[PDB]
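So you can see what is in the structure, the chains are spelled out below.
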Amino acid sequence: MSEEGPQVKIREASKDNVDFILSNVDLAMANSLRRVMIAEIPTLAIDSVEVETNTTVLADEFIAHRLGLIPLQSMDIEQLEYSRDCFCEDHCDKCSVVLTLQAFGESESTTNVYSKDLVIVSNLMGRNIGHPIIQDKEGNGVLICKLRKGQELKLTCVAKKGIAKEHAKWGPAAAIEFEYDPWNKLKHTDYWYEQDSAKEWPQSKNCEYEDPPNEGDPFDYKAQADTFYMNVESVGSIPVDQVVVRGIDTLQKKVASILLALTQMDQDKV
Amino acid sequence: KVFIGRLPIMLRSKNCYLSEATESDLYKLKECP
Amino acid sequence: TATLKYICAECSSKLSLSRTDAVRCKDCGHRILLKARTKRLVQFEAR
Amino acid sequence: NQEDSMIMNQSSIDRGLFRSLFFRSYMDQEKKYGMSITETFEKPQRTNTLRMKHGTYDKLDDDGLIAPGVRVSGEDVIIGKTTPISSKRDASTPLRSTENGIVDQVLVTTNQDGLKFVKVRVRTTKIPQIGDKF
Amino acid sequence: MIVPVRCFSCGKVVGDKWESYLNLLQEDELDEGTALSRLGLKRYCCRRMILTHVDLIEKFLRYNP
Ligand SMILES: [Zn+2]
Ligand SMILES: [Zn+2]
Ligand SMILES: [Zn+2]
Numbered sequence: 001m002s003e004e005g006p007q008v009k010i011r012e013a014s015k016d017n018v019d020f021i022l023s024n025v026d027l028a029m030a031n032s033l034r035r036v037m038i039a040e041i042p043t044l045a046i047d048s049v050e051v052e053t054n055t056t057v058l059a060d061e062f063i064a065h066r067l068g069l070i071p072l073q074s075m076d077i078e079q080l081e082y083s084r085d086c087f088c089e090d091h092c093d094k095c096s097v098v099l100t101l102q103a104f105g106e107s108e109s110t111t112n113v114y115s116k117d118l119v120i121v122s123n124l125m126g127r128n129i130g131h132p133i134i135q136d137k138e139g140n141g142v143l144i145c146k147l148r149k150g151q152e153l154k155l156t157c158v159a160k161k162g163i164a165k166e167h168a169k170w171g172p173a174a175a176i177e178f179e180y181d182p183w184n185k186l187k188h189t190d191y192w193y194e195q196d197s198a199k200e201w202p203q204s205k206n207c208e209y210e211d212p213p214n215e216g217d218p219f220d221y222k223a224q225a226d227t228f229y230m231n232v233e234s235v236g237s238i239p240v241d242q243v244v245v246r247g248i249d250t251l252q253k254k255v256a257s258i259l260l261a262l263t264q265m266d267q268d269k270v
Numbered sequence: 164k165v166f167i168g169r170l171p172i173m174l175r176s177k178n179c180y181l182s183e184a185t186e187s188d189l190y191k192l193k194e195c196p
Numbered sequence: 024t025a026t027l028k029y030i031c032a033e034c035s036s037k038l039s040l041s042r043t044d045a046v047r048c049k050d051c052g053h054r055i056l057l058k059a060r061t062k063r064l065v066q067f068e069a070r
Numbered sequence: 834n835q836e837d838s839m840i841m842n843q844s845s846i847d848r849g850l851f852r853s854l855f856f857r858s859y860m861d862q863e864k865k866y867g868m869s870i871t872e873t874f875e876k877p878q879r880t881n882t883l884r885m886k887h888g889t890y891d892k893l894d895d896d897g898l899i900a901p902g903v904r905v906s907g908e909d910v911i912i913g914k915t916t917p918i919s933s934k935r936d937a938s939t940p941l942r943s944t945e946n947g948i949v950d951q952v953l954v955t956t957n958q959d960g961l962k963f964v965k966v967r968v969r970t971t972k973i974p975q976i977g978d979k980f
Numbered sequence: 001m002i003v004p005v006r007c008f009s010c011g012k013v014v015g016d017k018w019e020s021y022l023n024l025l026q027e028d029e030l031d032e033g034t035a036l037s038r039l040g041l042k043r044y045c046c047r048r049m050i051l052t053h054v055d056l057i058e059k060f061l062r063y064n065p
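Residue numbers (the deposited numbering), protein chains in the order written: chain A, 1 to 270; chain B, 164 to 196; chain C, 24 to 70; chain D, 834 to 919, 933 to 980; chain E, 1 to 65.
No lab work stands behind these hints, which were simulated from the structure alone. Check the hints yourself; a few may be wrong.
As the list claims (entries may be wrong) - Heads up, simulated EDC-like pairs for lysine to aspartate or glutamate below, C-alpha to C-alpha not over 20 Å straight-line: (1) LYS37/C with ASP950/D; (2) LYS191/B with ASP50/C; (3) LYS62/C with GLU152/A; (4) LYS42/E with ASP136/A; (5) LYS962/D with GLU68/C; (6) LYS62/C with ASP891/D; (7) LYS191/B with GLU108/A; (8) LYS28/C with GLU875/D; (9) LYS193/B with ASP950/D; (10) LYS37/C with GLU872/D; (11) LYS137/A with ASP28/E; (12) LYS37/C with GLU52/A; (13) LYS28/C with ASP895/D; (14) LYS116/A with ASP28/E; (15) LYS876/D with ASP44/C; (16) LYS193/B with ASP50/C; (17) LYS865/D with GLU68/C; (18) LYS137/A with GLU29/E; (19) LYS934/D with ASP895/D; (20) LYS28/C with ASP891/D; (21) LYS59/E with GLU108/A; (22) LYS864/D with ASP44/C; (23) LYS42/E with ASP188/B; (24) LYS28/C with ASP950/D; (25) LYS154/A with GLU68/C; (26) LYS62/C with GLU108/A; (27) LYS965/D with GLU194/B; (28) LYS154/A with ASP950/D; (29) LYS28/C with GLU152/A; (30) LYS962/D with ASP837/D; (31) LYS42/E with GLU52/A; (32) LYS28/C with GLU908/D; (33) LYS965/D with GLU33/C; (34) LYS62/C with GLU872/D; (35) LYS59/E with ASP188/B; (36) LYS37/C with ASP895/D.
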């Protein structure tokens with residue numbers, strides 16, 4: 001028996017998912033978090049491509065775009081400042097990770113380019129960062145592009161900090177799930193029905209974990225929202241758990257920066 | 164036995180090389196199949 | 024090394040020249056020819 | 834989304850939803866004047882005339898063309914050219943004022959009359975913006 | 001026109017899963033519907049992504065320089 005208010009109850013686990021039953025909180029909060037997780041958790045991905053040679057069929061920017069979606073590592077990240085804040089005229093190992101990439105069509109039979117082929121050149125400073133997250137079976141992950149005989153492609157990528165607000169590539173999110181009051185004892189909806197509401201509209205896996213209706217009983221007008229069945233997936237860069245704590249955290253910090261301002265704000269004046 | 168002007172030929176028609184050609188031939192000719 | 028310039032549509036092979044040096048390729052009469060990328064490095068945004 | 838106009842998930846646009854391409858093809862040849870008075874493809878400038886343009890000519894290699902890697906924008910020249918009269935009047939080809947992007951591939955060929963025929967392609971990636979139509 | 005790294009809708013990576021799909025078909029001989037279910041593509045946002053892509057790239061790669 002312990003802990004203040006908000007309390008999880010991990011329903012299941014997976015290197016790529018965290019079906020948990022986060023209960024007893026404000027829906028507002030539940031979501032406010034959900035959101036944070038989606039677009040504001042720091043990540044790391046390519047954001048600058050330097051095409052030296054390209055004979056592909058995918059014109060530069062086409063590739064340059066994918067390269068940015070290619071999930072890159074970021075276990076640490078927190079120890080790699082946003083190029084923008086750093087002082088290095090442009091970028092440096094202090095703010096970014098550099099990768100290489102070259103392919104030639106030796107196999108006169110479709111030579112493939114894979115995220116695995118990227119090559120970290122800048123000092124990794126010793127810290128899990130920049131490694132092309134791979135969840136491939138044969139360990140190739142993310143087919144970048146193809147080429148024929150004498151097709152050549154020479155690049156230079158420069159991954160920086162970033163968050164989903166600036167662009168999706170920095171989305172550690174992938175897709176979260178959300179649901180509550182699986183029976184609708186609050187009536188937050190008005191089921192559209194031709195005949196039987198209960199028939200046409202499928203029930204949910206979450207009905208079980210919550211007491212069914214019970215016709216007799218009147219209506220609860222004091223009904224609120226507790227217990228929310230979420231399912232934070234992930235793309236790699238960050239472990240499905242971090243995509244949740246860092247969510248719980250990132251948000252938290254902001255919620256404090258507000259105080260921080262309430263303070264700095266007072267000190268001032270004559 | 165004299166020669167007279169030029170008849171701009173319709174593509175993918177009898178008098179067109181493409182009429183015969185296939186896959187390879189085309190792709191080689193750059194002409195999309 | 025040996026810097027290139029133009030190229031053949033089919034017999035694609037670095038070429039080059041200048042005014043009056045013909046137009047055809049040093050082989051394929053195919054009088055086409057591209058100008059090939061710049062040594063200069065292009066750059067892009069990963070979005 | 835009101836009145837036949839939609840809201841479009843930006844997040845998904847990033848991941849590339851509905852991105853398209855766009856190629857344009859500026860072009861030009863070398864005039865003639867019977868008396869063998871012919872034009873030319875070069876990267877001109879002063880040379881008496883002053884009859885030039887306003888876009889950065891620099892992006893012009895010597896053949897009077899732009900390398901297939903360059904990034905064009907305003908009205909930078911894409912084809913330097915001159916006309917012989919009586933001595934260096936311009937006939938260059940600027941960019942689509944509004945448009946702008948990357949040279950995708952230039953090409954030089956003959957032209958029956960032997961004349962130098964040149965077509966130039968400019969690639970551009972257009973992303974779905976708020977005013978766009980679908 | 002090459003696989004689409006990640007899903008437009010939600011984002012869940014999908015650039016890798018390509019080769020595995022085409023295989024769980026010509027080889028492992030399955031039916032699209034499951035093939036996909038096999039590679040982790042649960043909800044349709046991701047599903048439609050693969051099931052619909054047209055790998056033109058091949059047809060392109062079959063030209064020249
Ligand atoms: Zn720096
Ligand atoms: Zn040739
Ligand atoms: Zn999806």
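The hints, checked one at a time:
no.: 1; hint: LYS37/C with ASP950/D; verdict: holds (18 Å)
no.: 2; hint: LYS191/B with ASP50/C; verdict: holds (18 Å)
no.: 3; hint: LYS62/C with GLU152/A; verdict: holds (15 Å)
no.: 4; hint: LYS42/E with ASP136/A; verdict: holds (17 Å)
no.: 5; hint: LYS962/D with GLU68/C; verdict: violated (36 Å)
no.: 6; hint: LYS62/C with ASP891/D; verdict: holds (15 Å)
no.: 7; hint: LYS191/B with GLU108/A; verdict: holds (16 Å)
no.: 8; hint: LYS28/C with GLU875/D; verdict: holds (15 Å)
no.: 9; hint: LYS193/B with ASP950/D; verdict: holds (18 Å)
no.: 10; hint: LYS37/C with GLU872/D; verdict: violated (27 Å)
no.: 11; hint: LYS137/A with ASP28/E; verdict: holds (15 Å)
no.: 12; hint: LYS37/C with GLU52/A; verdict: holds (17 Å)
no.: 13; hint: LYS28/C with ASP895/D; verdict: holds (11 Å)
no.: 14; hint: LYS116/A with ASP28/E; verdict: violated (25 Å)
no.: 15; hint: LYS876/D with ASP44/C; verdict: holds (19 Å)
no.: 16; hint: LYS193/B with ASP50/C; verdict: holds (19 Å)
no.: 17; hint: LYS865/D with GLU68/C; verdict: violated (44 Å)
no.: 18; hint: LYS137/A with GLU29/E; verdict: holds (18 Å)
no.: 19; hint: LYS934/D with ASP895/D; verdict: holds (16 Å)
no.: 20; hint: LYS28/C with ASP891/D; verdict: holds (17 Å)
no.: 21; hint: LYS59/E with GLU108/A; verdict: holds (16 Å)
no.: 22; hint: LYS864/D with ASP44/C; verdict: holds (18 Å)
no.: 23; hint: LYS42/E with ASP188/B; verdict: violated (43 Å)
no.: 24; hint: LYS28/C with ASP950/D; verdict: holds (15 Å)
no.: 25; hint: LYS154/A with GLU68/C; verdict: holds (16 Å)
no.: 26; hint: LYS62/C with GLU108/A; verdict: violated (27 Å)
no.: 27; hint: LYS965/D with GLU194/B; verdict: holds (18 Å)
no.: 28; hint: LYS154/A with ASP950/D; verdict: holds (17 Å)
no.: 29; hint: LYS28/C with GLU152/A; verdict: holds (17 Å)
no.: 30; hint: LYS962/D with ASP837/D; verdict: violated (50 Å)
no.: 31; hint: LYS42/E with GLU52/A; verdict: violated (39 Å)
no.: 32; hint: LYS28/C with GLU908/D; verdict: violated (25 Å)
no.: 33; hint: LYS965/D with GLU33/C; verdict: holds (18 Å)
no.: 34; hint: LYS62/C with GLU872/D; verdict: violated (29 Å)
no.: 35; hint: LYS59/E with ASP188/B; verdict: holds (14 Å)
no.: 36; hint: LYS37/C with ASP895/D; verdict: holds (17 Å)
In this structure, the hints that do not hold are numbers 5, 10, 14, 17, 23, 26, 30, 31, 32 and 34, in rising order.
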